[PDB]
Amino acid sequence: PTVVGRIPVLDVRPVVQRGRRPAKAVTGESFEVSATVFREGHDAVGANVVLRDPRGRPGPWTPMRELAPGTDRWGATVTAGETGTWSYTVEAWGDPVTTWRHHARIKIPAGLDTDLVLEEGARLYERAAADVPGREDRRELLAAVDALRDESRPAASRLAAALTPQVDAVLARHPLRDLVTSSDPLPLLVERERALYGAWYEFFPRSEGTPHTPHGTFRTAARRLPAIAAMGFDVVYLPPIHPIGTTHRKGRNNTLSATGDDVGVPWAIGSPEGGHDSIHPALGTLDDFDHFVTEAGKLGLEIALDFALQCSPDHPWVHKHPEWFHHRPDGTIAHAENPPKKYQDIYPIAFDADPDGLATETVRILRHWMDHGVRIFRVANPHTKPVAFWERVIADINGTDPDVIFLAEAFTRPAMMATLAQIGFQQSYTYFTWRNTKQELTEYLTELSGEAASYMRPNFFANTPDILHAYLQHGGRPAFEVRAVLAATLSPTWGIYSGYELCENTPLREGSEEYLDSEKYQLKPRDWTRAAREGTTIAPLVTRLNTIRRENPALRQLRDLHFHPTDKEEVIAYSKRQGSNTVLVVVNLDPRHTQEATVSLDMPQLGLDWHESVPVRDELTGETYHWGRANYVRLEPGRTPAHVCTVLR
């Protein structure tokens, strides 16, 4: 057998790990399958994509086109359907009809061998007609055969009878394919909408208490949910909800020792009250949780729980399973670190003594929360646990419950971030918060919307409890507004951590990315009613952004994204498309000064001519413009952070 077939079809993409891991999509998402296709000699080739579903049923006829002249790289767009495991194949073939037309168009006018050329075409059309299942299509090809063979007519009109638009259309639907050759199938894992598209809100239930009871419960925190759903969020991400340890518990502003009332860090999981399968007694009981999950469901909110595979020193695992920790010659366990940061309140897990036991327990815990309506997990620091451990765990859970989504909080080097996505993590945290200039965003989003999108789905949190970027510290409210627009229009999944709306931006000290009086070490009651009444919240903007996203399919997908040039470093512009929905975004990245620029739109990139003008509506104002080729803009920080425009049809 030969590695290469009769008509070469090579280097099919997308491909992940040489075909050992699947490329990804979600229900409804379009993407390009591509291949290198060519043949020996000068004759024409064709190709097409055969997409098969989990039952093996092929998709509709999906022909490909050479993507740039002279490159022999062919592609076409496919669209994923029901969830599950699909496969794709590329088929390549000789296209003898195209070759024959090309030659005949030259040979009949020049008077060369005309009878032979027409008879050769007649034999092709006859072969084409034989494989056409429809009788009206068959009869149309046979009539062109008869006109081609009619020696009483002039050569040009015998030929013209074979090139009519009604013949073209039969052959584009049922083409004559020689030497059909096929690639080996490649796997595609299709998952639910929410893995690619959603808006997320993180908050600490314990902060939503009452005057008489400061430490919130699941019942009091349920009262925050209607405001969250009113902002247009779909997912609620809760930090760890388990009992919190006492030994080496941390105090306010990350001080080493807790005083009597200090609540500690939710990430220091475990006490004699319970471990990862327990509720912190001050949040209530498992019943109170179910109530919270039910109320979230009634508002269109799914719950995502933090899953942090680590322990406080009071966690039951420390004495029940000491082999799950690395012990020093004197028997002590070194606390975790992420230098120069120290986590004195926790122990890291070790995996090389009882990997089976740790995997079995890990999936038990996850299945417990899944039994209580949790179908999404934000996994903390997955990169400090073995990559293969996550590969095994995710495959175990998705094997019985494929709807479960895992999100990797891996802020680390690129190889590890990518590898985690490839081995199963449905979503990934990104470098978004450290991409703030026009050049940084453009470069980074070109990476994420390009080849990486076949294995990684980005979740753009504009802030987190550990990341308050200098851009926000220095920019105030206008900076918060900018980053919300950026995050919500560039990624189909974005998120904020509560307080973002109030433009909380006091850092722990100059040069740091921690918040002052961080919610991780203390209760942080916020007076939401006052903020709303006094207009010192950007919740309305946030609400608007999620409404825009819900109304424009272009913003519920990742791969289609183009950047358009502007004549000012502080102003960025880009567009996104999906069917006939096109969205155009212009942002002023300067939060202090008013910026004017000329935005020059790559018009072919919107399906338009250079001369053309098109009506747009800025969905942040309801105000309408007519834009083309070159458009002036003026963006005043605080009044208008940006235009977010739909193209009107």
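Throughout, rigid core stands for the largest set of C-alpha atoms superposing within 1.5 Å between the two forms. Numbering follows the first chain given and starts at 1. Compared with the form deposited in another entry:
- Residue showing a CA shift of 2 Å or more between these two forms (rigid core superposed; candidates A415, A172, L179, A156): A156.
- Relative to the superposed core, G535 undergoes a Cα shift smaller than 2 Å between these two forms.
- Core-superposed comparison between these two forms: CA of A110 displaced by 2 Å or more.
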The other form holds:
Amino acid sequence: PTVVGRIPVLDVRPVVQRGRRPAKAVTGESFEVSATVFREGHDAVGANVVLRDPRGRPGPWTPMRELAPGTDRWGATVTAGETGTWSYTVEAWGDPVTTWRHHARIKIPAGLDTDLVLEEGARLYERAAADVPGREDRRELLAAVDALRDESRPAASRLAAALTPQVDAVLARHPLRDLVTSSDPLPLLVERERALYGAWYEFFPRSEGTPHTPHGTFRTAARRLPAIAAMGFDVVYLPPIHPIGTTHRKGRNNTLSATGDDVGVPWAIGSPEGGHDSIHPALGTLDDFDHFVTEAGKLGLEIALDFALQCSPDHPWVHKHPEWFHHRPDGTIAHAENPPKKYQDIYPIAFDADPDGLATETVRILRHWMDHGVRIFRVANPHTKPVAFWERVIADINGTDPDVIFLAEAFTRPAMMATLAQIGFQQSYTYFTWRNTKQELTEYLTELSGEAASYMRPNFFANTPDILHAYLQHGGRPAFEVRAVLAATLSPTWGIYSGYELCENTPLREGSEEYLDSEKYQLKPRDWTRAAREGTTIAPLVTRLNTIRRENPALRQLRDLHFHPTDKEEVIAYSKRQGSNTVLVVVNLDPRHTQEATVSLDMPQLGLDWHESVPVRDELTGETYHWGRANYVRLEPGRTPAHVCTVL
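What does the same protein look like in the form deposited in another entry, given that the last one was the form deposited in one PDB entry?
A lone chain is what you will see next.
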């Protein structure tokens, strides 16, 4: 057998690791399938995409078109349906009718061999009619056949009967396909909506306590959930909820010795009170956890738990499974590091003595939390554990529970970040916090919305407990507003860490991205009621952004994104589309100074002609404008961080 088939169909995309891992989508998401399709000689080709669902049933007729003339690159948009493992194939074929029509349109007016030409047409159309399933379509084609063969009609009339719009519509749906050749099937993994789209809020339950009991419980933290749901969040991400070690517990501001009252770091998991399958006693019991999960569910909030495969020196694993750790020649275990960061309060796990034991235990733990309603896991530092370990763990969990979503917190080099997404992580943290200039945002979002979208789903956290960017430090509230608009409108998934709304921006020291008095090392009570009363919170903006996202399908997808030129370096403009919904955003990246700019819209990318003027509504203010190809904007920090406009 030959590698190339009768009609060449080559380099089908998307493809991930040469077909060894699936391309990704979620239910209702569109993307392009493409291929290089051509044939020998000068006659025309056609192509179509066959999508097969998890039961092997083919999807609808999906013809492709040549994407640019003379390139031989063909494409079609497909839309993912129900969740599961699908496949896609490109079918390529000679299109003899298109070729015959091209020649007949020339030869018939010229009087060149008109009887042969028309009989040749008649034979193609009768072959077309024989493959057509519907009676009325067949009759339409056969009437064209009879007209083509009718020697009593003028040549031009015989030809015209074969080129009618009604004949065209039949042949667009059921073309005559010669020498049909298929690509080898490629896999598509279709996952639930939340894998791509959702707003996330991170907070520490222990910080939501009372004057009588400063250490919050699941019951006290549950009373924070209504405010989180009212800001329009969908997912609450909790730091580790397990007992915390005492040996080498860290003190406040990342100091090495805890005092007697110090709470330690939740990531220093494990004590004689229990490990990763247990609840910190000060948070309450598993029954209290269940209450928290249930109250979250009532308010439209899913819980994401941190899963950090590491432990404190007091974790039961340390003496039960010594082979899960690297021991130095004196028998001791070195503390974990992620240079220049040091984690003196924990041991890292070693994987090569007992990989099977570790995987078995990992999936036991995850299934325990899954049985208590946790269907999302934020996986801590996955890039410091083996790639194939995650591949195995995720395949095991998703094999019985395909709805479970894993988020990779891998702030590392591009090859590792991409590979983790490709081996099964549904979502990835990103470089978003370090992309702040127009050039940085433009380049990075062009990457994320391009080929990477076949395997990676970005979660844009504007801050985390480990990342307070200088932009926020120096820009104050106007900068928090800008980064919220950007995160919420550039990615279908975004998030914030509690305190972002209050514009907390005091760093540990100059040149650090750590918070002063970080919540990782201490209880951090916040007077939410006071901040709301005093108007010192951007919760209203956050709430509005989430409402805009919920009302505009364009903001609930990733791949359709276009940057429009402006004449100011500090002003960025972009549009997103989904069906008839178009959102147009203009952001002033300068948190200190008012910017005036001309935004020049690429009108064809909005589906409009260059001369058109179309109404927009800025959803942040309710103000309506009329914008054409060139529009003045004025954006003032503290009043108008951005325009977030719908086309009406």
